[PDB]
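Shown here is one chain on its own, the form deposited in one PDB entry, set out as structure tokens.
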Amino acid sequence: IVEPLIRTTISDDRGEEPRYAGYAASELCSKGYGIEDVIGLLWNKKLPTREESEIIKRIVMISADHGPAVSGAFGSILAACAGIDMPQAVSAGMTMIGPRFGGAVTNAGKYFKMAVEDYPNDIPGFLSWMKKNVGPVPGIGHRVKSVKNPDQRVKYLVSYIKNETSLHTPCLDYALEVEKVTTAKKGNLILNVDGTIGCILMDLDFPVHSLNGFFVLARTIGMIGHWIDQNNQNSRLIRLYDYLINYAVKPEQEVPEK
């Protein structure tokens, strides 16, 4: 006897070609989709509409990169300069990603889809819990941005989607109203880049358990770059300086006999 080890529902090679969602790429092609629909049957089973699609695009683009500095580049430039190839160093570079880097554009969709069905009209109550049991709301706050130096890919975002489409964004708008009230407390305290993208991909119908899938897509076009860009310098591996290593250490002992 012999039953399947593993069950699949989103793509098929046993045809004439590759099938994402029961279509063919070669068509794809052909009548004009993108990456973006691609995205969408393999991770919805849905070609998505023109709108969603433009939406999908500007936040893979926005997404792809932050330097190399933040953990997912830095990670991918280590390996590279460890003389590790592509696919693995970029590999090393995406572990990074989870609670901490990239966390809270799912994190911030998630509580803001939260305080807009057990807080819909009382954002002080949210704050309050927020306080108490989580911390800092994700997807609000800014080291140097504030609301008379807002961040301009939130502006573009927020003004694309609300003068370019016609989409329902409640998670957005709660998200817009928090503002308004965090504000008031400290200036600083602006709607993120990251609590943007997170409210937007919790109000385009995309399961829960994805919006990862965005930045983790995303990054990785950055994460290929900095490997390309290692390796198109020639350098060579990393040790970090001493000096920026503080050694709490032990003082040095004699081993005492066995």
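Heads up, when I say rigid core I mean the largest set of C-alphas that superpose within 1.5 Å between the two forms. Residue numbers count along the first chain shown, from 1. Compared with the form deposited in another entry:
Superposing the rigid core between these two forms leaves a single residue from 88, 165, 71, 149 with a C-alpha shift of at least 2 Å: 149.
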The other form holds:
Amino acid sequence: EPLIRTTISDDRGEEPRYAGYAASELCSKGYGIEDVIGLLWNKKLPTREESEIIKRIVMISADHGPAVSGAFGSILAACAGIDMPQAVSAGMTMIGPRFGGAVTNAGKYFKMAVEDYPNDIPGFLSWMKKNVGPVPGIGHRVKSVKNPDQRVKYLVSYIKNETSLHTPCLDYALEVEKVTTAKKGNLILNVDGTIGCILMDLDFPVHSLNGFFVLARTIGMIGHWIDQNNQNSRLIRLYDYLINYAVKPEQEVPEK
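Next up, the form deposited in another entry, please; the one we just looked at was the form deposited in one PDB entry.
No partners, no molecules, just the chain.
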């Protein structure tokens, strides 16, 4: 009775087979990292145009500076003298509802919009406000109509002008963006919404969606760990004035 069942990778031969294809044969025939991602996560070789999109999603989301949770977690561990894989694992642990997770929720709700509200953006927005609250993939702290997110503008322009891919989730999100930005300038289609829609339009299943942010941000977290080690950075201690000690009154311990 086997303990585990696996379907994606076979290491038993002279080299691993990813969804039935020999790793060196993928290399030899000119395939890339983006193609191995499609094979191991979706058991399907991407088409030429899908491959170009996967490559761009990873490149555009590789890093977003040291202030955000994943990179900061990796930096904190690097400065505490932790080895690279363990430091990057601490930063990766930050990926969830507030850091990267909106990719999945945006994919889910824009897919629902296409299926249940195809010719009804007001109905979709009304249902979202009532049942979810803010629309996942809409809104940014600083990026806006006046200050666009070039990561979004580039990905959208590339998929629309350099591919023939039909993108109904992304198309719907772009129509919603026109409405939400008319309400408030900061209500843009953000990079999580963009990637979430594109991945649904590339036929990736809902539970694979987070893989793209996890993998891409690992590139950046490894980079931040290397950077801190190159600088011989010292242990981080949060400055006292950055902490609000809203603690209980000091008390004497009562006798038992």
